[PDB]
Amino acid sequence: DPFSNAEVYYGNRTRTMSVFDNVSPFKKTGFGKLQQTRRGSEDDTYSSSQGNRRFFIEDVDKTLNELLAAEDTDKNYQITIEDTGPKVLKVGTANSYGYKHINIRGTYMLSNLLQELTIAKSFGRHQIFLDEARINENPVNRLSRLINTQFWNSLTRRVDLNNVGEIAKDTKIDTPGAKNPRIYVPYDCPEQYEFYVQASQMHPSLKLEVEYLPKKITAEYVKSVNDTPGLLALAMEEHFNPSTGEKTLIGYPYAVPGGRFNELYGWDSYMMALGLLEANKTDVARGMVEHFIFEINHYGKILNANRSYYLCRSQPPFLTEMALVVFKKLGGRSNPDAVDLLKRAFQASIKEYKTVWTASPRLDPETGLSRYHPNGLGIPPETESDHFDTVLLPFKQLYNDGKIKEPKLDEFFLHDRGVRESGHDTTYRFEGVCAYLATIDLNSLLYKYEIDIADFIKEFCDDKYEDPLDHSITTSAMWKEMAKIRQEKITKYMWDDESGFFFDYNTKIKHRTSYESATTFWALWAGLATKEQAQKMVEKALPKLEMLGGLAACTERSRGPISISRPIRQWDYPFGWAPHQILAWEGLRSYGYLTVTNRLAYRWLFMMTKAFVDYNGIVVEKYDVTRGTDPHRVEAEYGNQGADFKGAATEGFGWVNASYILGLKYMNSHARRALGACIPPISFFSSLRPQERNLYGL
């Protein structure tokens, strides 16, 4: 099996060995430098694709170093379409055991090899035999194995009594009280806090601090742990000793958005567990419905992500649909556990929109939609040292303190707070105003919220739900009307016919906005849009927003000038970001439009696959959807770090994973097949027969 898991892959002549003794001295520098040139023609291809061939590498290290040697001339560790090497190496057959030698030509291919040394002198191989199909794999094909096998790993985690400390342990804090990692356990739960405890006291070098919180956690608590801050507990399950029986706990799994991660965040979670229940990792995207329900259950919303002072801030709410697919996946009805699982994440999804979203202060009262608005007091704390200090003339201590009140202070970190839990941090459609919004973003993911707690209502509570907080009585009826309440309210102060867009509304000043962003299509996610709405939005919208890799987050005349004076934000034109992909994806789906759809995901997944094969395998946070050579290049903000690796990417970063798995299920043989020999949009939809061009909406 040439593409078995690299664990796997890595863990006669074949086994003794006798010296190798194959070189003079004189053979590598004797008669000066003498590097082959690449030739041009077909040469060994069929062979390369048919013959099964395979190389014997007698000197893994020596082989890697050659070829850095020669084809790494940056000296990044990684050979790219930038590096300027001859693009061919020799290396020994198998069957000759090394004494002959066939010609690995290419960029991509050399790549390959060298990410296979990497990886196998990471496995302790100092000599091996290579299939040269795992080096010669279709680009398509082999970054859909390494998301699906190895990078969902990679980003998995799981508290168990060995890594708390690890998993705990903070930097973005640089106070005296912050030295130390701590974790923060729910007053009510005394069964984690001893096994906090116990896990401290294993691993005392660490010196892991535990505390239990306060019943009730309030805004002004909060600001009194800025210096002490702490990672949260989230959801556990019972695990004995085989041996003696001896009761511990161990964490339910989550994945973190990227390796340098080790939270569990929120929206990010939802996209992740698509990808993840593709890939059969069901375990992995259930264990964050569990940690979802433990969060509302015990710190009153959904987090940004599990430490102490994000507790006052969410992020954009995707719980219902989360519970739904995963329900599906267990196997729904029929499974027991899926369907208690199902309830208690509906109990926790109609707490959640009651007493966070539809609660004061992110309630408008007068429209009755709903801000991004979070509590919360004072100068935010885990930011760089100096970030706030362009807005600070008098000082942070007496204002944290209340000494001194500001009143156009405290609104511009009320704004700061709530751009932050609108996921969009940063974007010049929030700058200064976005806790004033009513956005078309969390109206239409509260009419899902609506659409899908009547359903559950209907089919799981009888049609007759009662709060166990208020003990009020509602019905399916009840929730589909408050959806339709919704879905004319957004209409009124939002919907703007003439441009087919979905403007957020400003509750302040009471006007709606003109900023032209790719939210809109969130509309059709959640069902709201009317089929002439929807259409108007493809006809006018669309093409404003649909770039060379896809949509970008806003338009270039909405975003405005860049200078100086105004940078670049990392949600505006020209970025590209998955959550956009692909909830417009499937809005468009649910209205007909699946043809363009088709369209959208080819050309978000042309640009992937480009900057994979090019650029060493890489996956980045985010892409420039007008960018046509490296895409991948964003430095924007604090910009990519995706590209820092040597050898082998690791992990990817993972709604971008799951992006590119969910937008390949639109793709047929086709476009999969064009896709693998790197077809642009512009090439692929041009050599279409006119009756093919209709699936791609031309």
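Residue numbers count along the first chain shown, from 1. Throughout, rigid core stands for the largest set of C-alpha atoms superposing within 1.5 Å between the two forms. What changes on going to the form deposited in another entry:
With the rigid core aligned between these two forms, only one of 172, 328, 239, 512 has a CA shift of 2 Å or more: 239.
Superposition of the core reveals a Cα shift of less than 2 Å for residue 224 between these two forms. Core-superposed comparison between these two forms: the C-alpha position of residue 248 differs by no less than 2 Å.
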Second form
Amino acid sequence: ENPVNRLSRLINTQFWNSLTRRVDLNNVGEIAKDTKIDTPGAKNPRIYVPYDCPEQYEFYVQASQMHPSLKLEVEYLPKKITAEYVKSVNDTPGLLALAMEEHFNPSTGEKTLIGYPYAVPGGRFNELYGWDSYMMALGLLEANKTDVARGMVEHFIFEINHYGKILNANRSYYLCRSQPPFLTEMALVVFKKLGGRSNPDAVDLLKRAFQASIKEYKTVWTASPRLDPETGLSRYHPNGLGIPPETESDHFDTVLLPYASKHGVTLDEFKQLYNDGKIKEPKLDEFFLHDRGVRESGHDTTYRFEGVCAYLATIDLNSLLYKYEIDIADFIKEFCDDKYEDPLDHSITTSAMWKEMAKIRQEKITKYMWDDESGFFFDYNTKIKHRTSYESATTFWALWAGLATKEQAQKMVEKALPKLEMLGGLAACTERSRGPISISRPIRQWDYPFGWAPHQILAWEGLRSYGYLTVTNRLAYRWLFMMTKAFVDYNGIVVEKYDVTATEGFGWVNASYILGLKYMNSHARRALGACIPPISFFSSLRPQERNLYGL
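Return the form deposited in another entry of this protein as a structure block, the form deposited in one PDB entry having already been given.
Lone chain follows.
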């Protein structure tokens, strides 16, 4: 049996199941156990429920009573979840409620609640994460595990409605932070799979997911502080107070120690004083704004974002919002007779207005970000008004999104791609841009020489979209080879991160393997199975087949 098949098989059956979760009356305790925070208030597990969800409140109370052994506390959240409140529950952390489906005893008619199912990114975790869940949904759909993927769409709808945004993960201490947005596409691909228009259930889901997406776009991404009104582009600029509690106790000690010493106190004491707004240190308040912004960017961390992130209008975010605008334009044209009225503010929009927003975004991005010379869309700093020159694998999100001109795609493929394409796929950024590594300045995980699943997946699809499928094959081969070599040599371990230079795997890594194979014919599968590295494999082909890999 061929290792590419053993791994395919394992991912598609056993790993997704090992990675499935579903909240019922008996496990709520297990799932809510949190160790990331250690205070008296954290010793007991806890679940926070929104203010307008009484059945759900009843449910988790019932759960707490059926297993008093656990000491499961259950609080209601405020209708208005402010940053100050969120800080106020740092010492009493909790799991957040998520979507729940209704079952009914078909002869008695008694109502029951059971969690819509989801997947976690690794065997270690129990929470629903954000962007990881779109990639996993793609993977799950291929395994005909559509219900788990749909559950996640169900959950993101719920999160946007009750917590105001899609969350990094469904815990009290993440309430002020989001993730890169993929709801429109996530909802479209689950919808194609359940049947499309011919499925009343699917159309209802599509609608709920687009009401939500429009609310997310208007209230989170093009709003508040995250919008830079000058450019019209958006930043990862979450609200939030004080020190993120969930982190390693000592995580921030080296940056904090000088401040504590400037103020004549110990570190413990300085923490407290900061976290009660009693320090007036501007450049420390800024540093935590960027740290929050990093965590919201999903790229934790990289030198692209260290000490800048929340002033950057990223190609990352602004590509994804382009996608939002296009997808919403179609949705309104096709399922709202071309007039959508937002029920929350009675604002009335047409597909043409949405397309126009997209059009404008495209010009705005091109203007501030595009560099015809190198072939990269660079992030734009919005505080100092100046372009970046960090060469990121996220430049491909512009193909994925569909916002790049054909001339732009050519230039990126010809001149940018070679600076990112390493032995095992796309590195998250180039060697040049990472800079020199030292003990002062150590290796960050989302930089060269590392390559990440999501970056591959988005690029594969982006290039396929602009007619570069032949390049996707080459890139896929490189990634799949490297994953397959690892699996063989490390005695069955699938790994979190790869340098392109356990029993569960990892969500988007697993999904990357299955998505990658769809591009690979029999021959390529056999060579991958024989652990033949790309240079050798390509070199063995007749030049007609070598053209399938654009070589």
